[PDB]
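Since chain D is already given, all that's left is putting chains Z, P, W, S, B and H with the ligands on it; use the hints.
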Amino acid sequence: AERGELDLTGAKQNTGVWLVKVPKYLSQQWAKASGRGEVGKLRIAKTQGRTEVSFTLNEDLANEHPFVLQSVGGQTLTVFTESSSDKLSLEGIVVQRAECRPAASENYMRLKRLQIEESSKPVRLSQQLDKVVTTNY
Amino acid sequence: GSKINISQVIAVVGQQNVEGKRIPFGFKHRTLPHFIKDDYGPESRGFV
Amino acid sequence: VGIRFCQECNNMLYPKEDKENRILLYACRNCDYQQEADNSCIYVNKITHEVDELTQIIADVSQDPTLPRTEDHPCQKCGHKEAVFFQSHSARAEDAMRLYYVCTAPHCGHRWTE
Amino acid sequence: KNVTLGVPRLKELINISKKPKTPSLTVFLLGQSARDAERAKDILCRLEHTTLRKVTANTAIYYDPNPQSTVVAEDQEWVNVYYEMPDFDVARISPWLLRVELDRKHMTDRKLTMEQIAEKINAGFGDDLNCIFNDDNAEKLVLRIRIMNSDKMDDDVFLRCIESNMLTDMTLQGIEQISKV
Amino acid sequence: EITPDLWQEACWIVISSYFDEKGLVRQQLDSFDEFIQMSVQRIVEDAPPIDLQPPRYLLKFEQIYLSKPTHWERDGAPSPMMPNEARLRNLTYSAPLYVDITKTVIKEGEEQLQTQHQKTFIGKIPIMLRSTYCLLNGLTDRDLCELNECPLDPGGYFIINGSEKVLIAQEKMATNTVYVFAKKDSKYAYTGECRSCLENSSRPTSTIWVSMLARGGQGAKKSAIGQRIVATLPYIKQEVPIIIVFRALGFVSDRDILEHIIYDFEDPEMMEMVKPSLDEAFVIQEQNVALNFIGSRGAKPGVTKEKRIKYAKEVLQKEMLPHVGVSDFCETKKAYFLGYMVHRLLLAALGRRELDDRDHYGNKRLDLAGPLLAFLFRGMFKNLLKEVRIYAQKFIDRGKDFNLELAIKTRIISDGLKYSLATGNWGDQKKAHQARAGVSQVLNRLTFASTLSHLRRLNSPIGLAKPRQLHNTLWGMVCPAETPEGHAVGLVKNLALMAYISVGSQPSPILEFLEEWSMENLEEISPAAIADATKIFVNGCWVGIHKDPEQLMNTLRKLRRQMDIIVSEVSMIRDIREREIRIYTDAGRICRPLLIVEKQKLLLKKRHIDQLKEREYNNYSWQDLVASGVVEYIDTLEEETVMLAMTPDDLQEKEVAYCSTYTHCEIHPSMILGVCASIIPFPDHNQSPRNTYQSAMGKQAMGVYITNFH
Amino acid sequence: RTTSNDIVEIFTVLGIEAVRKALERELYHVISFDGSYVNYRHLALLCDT
Amino acid sequence: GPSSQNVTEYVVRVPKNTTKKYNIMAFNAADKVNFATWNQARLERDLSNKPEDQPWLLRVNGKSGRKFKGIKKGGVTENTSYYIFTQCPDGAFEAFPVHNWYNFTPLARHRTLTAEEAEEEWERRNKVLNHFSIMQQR
Ligand SMILES: [Zn+2]
Ligand SMILES: [Zn+2]
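Protein chains in written order, with this note's numbering: chain D, 1 to 137; chain Z, 1 to 48; chain P, 1 to 114; chain W, 1 to 181; chain S, 1 to 710; chain B, 1 to 49; chain H, 1 to 138.
Because the hints were derived from the structure by calculation, they are not lab data.
Please note that a few of the clues may not be correct.
As the list claims (entries may be wrong) - Subject to a maximum C-alpha distance of 30 Å in a straight line, what follows is the list of computed DSBU-like cross-link-like pairs (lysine-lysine):
#, chain 1, residue 1, chain 2, residue 2
1, P, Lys46, W, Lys111
2, H, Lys32, D, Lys21
3, S, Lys237, S, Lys307
Unchecked claim - A few chain P residues that face chain H, going by a derived Cβ cut-off under 8 Å, partial list only:
#, residue
4, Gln7
5, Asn11
6, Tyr14
Unchecked claim - Computed footprint of chain S on chain H; a stretch qualifies when at least three of its residues, placed anywhere within it, have a C-beta under 8 Å from a C-beta of chain S:
#, stretch
7, 7 to 21
8, 63 to 72
9, 75 to 81
10, 84 to 98
Ideal Cβ positions, reconstructed from N, Cα and C, are used throughout, including at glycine.
Next comes chain D alone, as it looks inside the complex:
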């Protein structure tokens, strides 16, 4: 029992969690939802020799996201916490990695050009004046 001690109850329960990487538009939509309570549905389909994982966007959030699994044995991960009460605790061992890809093949880059334009909106360029400024000195 100390301030600097890390709780290890999560590792003793062998809790298994997943790591998901998503593109910026999905995270932006989830931030715009502002935690309403429902952002979408995740679908997991298992066949006789393959596993198919996909995510479905909410129809209210919009107004298919297939998931590709990745090898886990390359490196081991767990999840820890830092509280506002300064009590550190461990959640559990990461057991699976997930990668999110859009279903759009060529119509994705219509929005990607707009996103790059928004990113280059604060990119700053020099301006030309037709008449020289005579208010100096």
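Using the frame of chain D, we list chains Z, P, W, S, B and H with the ligands on its own:
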């Protein structure tokens, strides 16, 4: 002039060399991007 | 022929001979971690350098655009009468002009050298 | 093969360059060897400087405290042929063993023999390095090297150092600063 | 459809479209436009705020205001300046440079009353003609003739004191790229060259030298140790081992070190070759002693051990490979790149790769008007900030007030630009010994061909005949024929007809696309799976790996051929034999346009030729042709791994099989020659020394040169 | 009849007159290789001096 | 069986904000770490700088167990967002963005050579004898 100049004008310019050896491999073991990789033929290595 | 590393401090292992049991004893001298090696080999050096280049060649070199493309000399595991031939072009590793055939099928990759 | 000529050679001759660019040394044979190709080949092999790097196929280091342990799969023959007479075996044999093998192509092409290089190893060093002589009946011309008996730096440092020392210069035959003839 | 036996008209139609849209001096005008638009803004933005004190004073900068080139007469009249008046009166052609000064006052009493000194004049920047920030832009034939300016003049030259000055592009070794070299006579056997710098904004090229120790001192225990690995680091007075530097980044476990160094753990001989360094680094087993060792051998040793700790941390943070990251937490990226650093050196040591050629002109880039003026502006803007700071401190030590109108000196920036663009000494005036000469020669006006040759010219920084030789890498990069006859053979060369030079772009959309397209990021990787995947390089720095090479390359090529978020100037490289992806975005690269061969047919169909044949009254030009995925800008880097066809009707068709996987076709074989060499007809029927002589003498041929000669 | 190309070693083994004769032969060989001939008097002068 | 055509459908929930900040570990599989050793843990600050922008420290079982040092990743999460999906009895997946990613490496626990005496074996630059027994003198 010389008879070698006569031969180069009329029949064949001949094998062309750089620092003694033939044309080296500036690219990934090919003299020019037009020729196929891994070629030591006459046309691909500098012969006219 | 092969090396491994220490366990509890995760350091590089150095050899040691044993005075009592007369067995070679790989050990980390940043530790006291002692173990035997089943290989019983410490050092090998092929000075004439006849390594096997069949494991050296990447299986994806066949799908190169600017490599040659022959029609004869088919592959072994699959028929696929189309293949790529090239040389090693590795400096200081011999002087042979002998050709390295790779099958160009998308899921194959059995490479042979004749 | 060719020698340098022209402006760099003229600069090399008007100067007196302590190292030449491409030095050469034309040799004329005196008598019967001038017309015999075999005797000329003998002189060729006798003037070729042959380091141990060019003639040996590969090297290996093992650990055999028992002479009859025979960690190599096929070494038992000449070990039993030679080790019935324990030449200072009971003092020590330095269990760290050096093993090299000779490429048969480079063995035959240079027209030397395998006993004389072991003789030169035990002669140019003396009794500070034991040598084990094998037979040519085996497919691989294996040579086994062990350290002396009467004596820091453990054993691996000295063994690897002397291994490199054989591998860079022993002058098996020929004369130094002569690359090719 | 397909165009058989009609290639002669079609090729010259599309060359007509290219030369009608671009022209001949776009490598100057585009570079200067990029300098004026991005570079001065990036330089004035990436500058340290002036902090001084007592009340605290802070100064920050903002965007750039520019006007047309005017004149300051004796009475103060701001008359618009014409280039003809600049030539006649020995008058420099320039416009004032305007910023604002955001003066924020802190008196430790919540009295922050920020004042914005709007449109502050800080100096005069030169502008060269026919650029988009000059008076001659947009004028037609009639307006140019009425203004006594030649319409035939391509421009691209500055006017300093009435003398026409043109910037000749100077080549330099390519930044942020790891090389291997083998010095013949040096004590080091092999070496690695990674002359590197940040994204052309902060600090110049700082080099790193990883190298080899040759087999010396044989017979003794030195050969028993083996060939250790050594490097020399910037502002370290002597050499330093490698694993101690790896431990200096905070990675002490040598399993992780060899994991960064070795990617495949079933390679015994390479681990044997790297083993001599492990025996040498057995005296250092902790981070802080490594930092204290590497900091003790600097230029200025510290008084206390904490001083060496701080000096070593600073020199390994702010300077050690600035391009990969300087954000104080980028030690993982530095560890990965420093592993790959000598991973290439070991690959060259075992002979698995070959030694990279120095004069291969795909491994170096060109400093144009843009980068050179950016470097000059960086230097004397630092000088101007130093002058402003010292004047402000001296005048605030009294503590009366402060005024920005007289503190900023336009004199130093004006004479710096004018002097360095006039006399040719590139750099500070007092540092002319270390200043590179030969820049900004006097423009040759004997011949229009001579003028177009002098606008499009390269030069080498060499004061041995190896760099002078004509190289294989040049095919349609640099003209083979044109060479000065005198002492500068090989060094001074002119561009080809289609030699387009990269203007520069930012790699932020590149990273934005590559992160989204199923690529595992560099820090969040399994280090045991590096060897199976393919490395990703964007402007040299390692940003992660990808496990699906051809889908990534096909996606990138499909994005580029459709004018998507990737700029068509940006090039990507697939080295299959090494498993790397190299993507180059930065300026200095040199390129030529090429056709696209898909399956076994060209994408330049009859409809494109028909649209380009009636070019005008149909608003269809070269920029519309590249947007259709017909012509792709393939530079010298992608020429290492593609194929070219000499003629479609003669080679691309089906015959006795030589190849069937062509990727690109030549636009026309006669674009090899430069400006001078083009005017020679039947140059293949001549001898190459005679072509070289006449290309040298084509600049000396008199005649009419510029139409407004009177 | 055995000769060489280097000059310092043939000085250290035979003598300066052998240096004279070998320097003569090497200079004559390097000049008269391409077919251009030069008189012996200048060569003899330079080799003596 | 049922697993040959098993279909799973769960709900994704994102709460707006949590009072307790969440982060993520980084362990190499080649380190061969075990969780049965995890009986008592410490996680405190580094004191070499002398706090949020400063590298981390962690202790296992006091001084008896192994030691780690944590460093924040160099990349910024301006274009990246990582979520952790936790299993709960209600069956609805929870999606939580992480704040920072920290990299940790093990440290040796032995008599390391200090810098003030590290200069004496530099005169034996190539003259060094018996690499295998340098620790024996310490
Ligand atoms: Zn250990
Ligand atoms: Zn096959």
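Status of the hints after comparison with the structure:
no.	hint	in the structure
1	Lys46/P x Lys111/W	holds (23 Å)
2	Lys32/H x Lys21/D	holds (26 Å)
3	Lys237/S x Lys307/S	holds (17 Å)
4	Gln7	holds (7 Å)
5	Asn11	holds (7 Å)
6	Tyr14	holds (6 Å)
7	7 to 21	violated (count 0)
8	63 to 72	holds (count 3)
9	75 to 81	holds (count 4)
10	84 to 98	violated (count 0)
Checked against the numbered hints given earlier, the structure breaks hints 7, 10 and satisfies all the rest.
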